[PDB]
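Single chain ahead, written as structure tokens, the form deposited in one PDB entry.
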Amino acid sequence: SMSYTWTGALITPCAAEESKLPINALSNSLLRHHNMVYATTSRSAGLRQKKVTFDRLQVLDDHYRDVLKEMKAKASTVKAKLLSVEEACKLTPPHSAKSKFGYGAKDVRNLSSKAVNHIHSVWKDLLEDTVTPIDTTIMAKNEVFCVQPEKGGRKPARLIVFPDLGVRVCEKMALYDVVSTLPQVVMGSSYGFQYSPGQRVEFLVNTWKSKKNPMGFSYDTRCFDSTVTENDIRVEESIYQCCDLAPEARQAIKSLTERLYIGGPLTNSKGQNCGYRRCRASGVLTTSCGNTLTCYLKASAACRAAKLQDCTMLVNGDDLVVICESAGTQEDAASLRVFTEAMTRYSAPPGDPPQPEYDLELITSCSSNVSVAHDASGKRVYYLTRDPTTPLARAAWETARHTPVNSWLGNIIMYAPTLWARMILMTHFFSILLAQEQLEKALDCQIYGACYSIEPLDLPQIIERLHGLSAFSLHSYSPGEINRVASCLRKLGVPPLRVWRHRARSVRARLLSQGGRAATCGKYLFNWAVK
């Protein structure tokens, strides 16, 4: 069936949408080619609709059926509980879209009688009505990227589909305990979300070294959410039901699947009907768990169809990495094509055909890759890095415009061990915090699904806990990583690394001069700039 059927009404914004990077001195201090940085807007919604709309054909086989039976068997060992209205309220993110019914996320979090009474009513309706399609809003996302001249130039806006806040809180009551425990049990070490950056690296490196002659590849599905079929969604529901659940939870899960997860009507910010969805909604509670389980099921089956040897998989939504025993150059190439044809039959064709890789550093998944450097004693240390283009573009954007979110702070924490986060992001932002004497002001930072209130002076402790002390002394990075960073700087018109090392020496001196916590940051975060 068609992933979407549209009416013609447009996907409308609900606030101003900025698309250009504003010429700023501070921002130009970091990046000079401002014209290359842009943000998506509802203006390009049409192009996206075109890409995400297509008929899905799916043919399953015994490889698929076998893996699904194996997953259900593991699922049957899971026990999950219903969250109460109050627990679900307390776990609701602070900045989510307010309800059309007169209350917002803050009212939910504060257990307002208005929010609470309405949520009890939505819950009772879910249990008593298991058929009426539930309303969802469709919006264009506003995200920042760097232009890609080697093609479409600017990317069209991504689309987000979500139900009302009341329903979202009810999804948590029914499924929060399930989505936070089931994936790990079913998939084991292949469940990517259980790992911090260093643990992810550890799993990949140990897996890689365990093969006599390792071969690996990344796979990513073109418009994965659109490739998810009704049968895939019902299969997910059948997996949830294998768990030992409370009766109301079972009833609510079934109702949510029928009325919301399998599909339903799309409404724009104007209240007009935009169309109908027959695929994965990107803004529901089960989006991540569902996508990961489905990608894992199809990829596991595909590995069997392609007869890949001693496969080990790592899955984060539609992002897949498979490491296996090489069967030879031409044999591997042919096996990957068979793998891809199986994934295609199961409905998940790739954006770009996967390619066999014999160098772990060259495999990119979740927009990241493993790389190596050396610690103080000269020992090899593996860590997670990524191309710095998007992180840099977003940093310049946040430098030029106060943003409710500090993605740059999130990158500093997740990528603390990398050459670019240390030399460029840390130097750039601490220089700014010093100049504005806001070194002690807490900033909101979205990381791993949660919004934290982080005081910059806490960074050394945060990084130490997440990456370990060696994060402050890595040196001798790989040529491939150094060249990628250098090229990216040239492309974006950001000062070469020589300049950053010089600027970092100054920031460090300024931090030490203050003593206390500030000096601690100078000592640890910028020990690399010394001598």
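Take the two forms, find the largest set of C-alpha atoms that superpose within 1.5 Å, and that set is the rigid core. Residue numbers count along the first chain shown, from 1. First, how it differs from the form deposited in another entry.
Annotation: the position in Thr132, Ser453, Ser377, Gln199 displaced by at least 2 Å at CA between the two forms, with the core superposed, corresponds to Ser453.
Rigid-body analysis between the two forms: the smaller part rotates 9° against the larger, C-alpha superposition.
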Contents of the next structure:
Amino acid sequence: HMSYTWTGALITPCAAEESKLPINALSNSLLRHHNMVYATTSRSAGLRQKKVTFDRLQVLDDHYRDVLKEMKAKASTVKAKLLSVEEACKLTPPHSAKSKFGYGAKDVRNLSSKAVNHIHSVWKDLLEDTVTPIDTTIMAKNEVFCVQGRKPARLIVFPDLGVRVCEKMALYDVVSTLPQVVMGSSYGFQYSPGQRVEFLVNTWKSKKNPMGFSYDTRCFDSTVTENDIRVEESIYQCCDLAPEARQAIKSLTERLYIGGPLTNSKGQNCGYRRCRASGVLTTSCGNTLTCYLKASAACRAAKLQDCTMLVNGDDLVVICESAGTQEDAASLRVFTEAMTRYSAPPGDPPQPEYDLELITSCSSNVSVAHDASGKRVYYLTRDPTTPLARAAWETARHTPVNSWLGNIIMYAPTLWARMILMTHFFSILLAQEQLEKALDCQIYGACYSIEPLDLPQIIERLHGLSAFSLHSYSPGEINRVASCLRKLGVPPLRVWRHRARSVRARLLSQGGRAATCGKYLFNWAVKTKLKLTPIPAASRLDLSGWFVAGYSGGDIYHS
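For comparison with the form deposited in one PDB entry, kindly provide the form deposited in another entry.
Chain alone follows, minus partners and molecules.
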């Protein structure tokens, strides 16, 4: 029962790959220690292949079937609809991988006859044939990291453009609607960061003696079995669906989700997958359900008292009622034993935490600062090393995903996003006159095209106005940022405050939406602080399509 089999054909690139941080005139204003930053390339793919290739054994007990029955009872209340071809096409990202059959993502977006005719033919074939495995492409992802020594490239596996549009037709409503019905408040992808921090704090405060822990599954996608994927299909099929949608979903499950052949960029056969594909629509929903199913069942096994789970795909955090520190630790071993029997064994062994701030989930921890009134406010933050490593790369190279922008949006209230990322990138945008130019970033796996001038209103909506007023950050948080800057050779925060005053004056000069950016984003930079009030255009923002579901690998775009 192996996750993959390989033919020995190489995982090959589709363009030149850089591994060394590209340096330009702007690089040194952010980061001096250039040799610390690197991009993964397909040269390391063989190391990743070894890591993701193993045997899966699963033993499923009454706890598992008990939780599953209940999940299915909730799934049976969901009514999901088929998307039209037009609706599915309009969710396709403009720069999505072109089809092997002679059209691209813009042909799809424009509903071009050739595109739409192909999509119709893939759909018909899905309904007519429920056995023939569907071809996928396996690619090495190029991602930027700081050394620690160097990690191998991650692998993405995805079907052709035509199939991706059919997935949407069949499953977009389901993967968007089902998970919150099944899991309720435990489905993480429904929350803004403000909502998520609130849920975490409220949940913590709701226990008499809280204990909390995160669970890291080693290579979760490879731990996912044919059983797991058929189980997911059986949850989908509990929904009230049109007969045509039922067939499409059974077919995609048999032919695509369960497994299939892997083809490299040069068209050669690299092997065969029998685990979760990283690049399908159901990757996030399937991972979330399957992780929640397994963990709920393991919580029962361990007899964890008054558990609340929070699950984003394969990222899992649990907060419960402590039974004492020794009992807690023992319960955790049992928990991990159960997860392992279910095929989800750990990377790091989990550990019990008695302080919310010491838990990492979605790569983030709770911390505390103060608003203008002096009131405590909790916010989500993280070690800034990877964010700043990538910011350094994106200073000198244009990338398909601007991580700096997703980091500003999602970590707006943080010391490091406000002082460094905002200051640095607005300074660049000013200089090139690109404040109004829409950029793409990825939030919960979906692709959004966002104008930098819109950030204040986006930030108010996700975080509230306090994001623009926070101060007296904790010593532990100040210290971690200061350490990171010393590690990467980033100028100290006193330097960034100086530049921010400049960037702010520059933005104020321009008036309009630029001055709003100066006024709200950089109020921290001046001693005589302005009074920040709700931004009118914020209540006007269409944050529909934001924070409904997760869509990692799912080829979803919002305009």
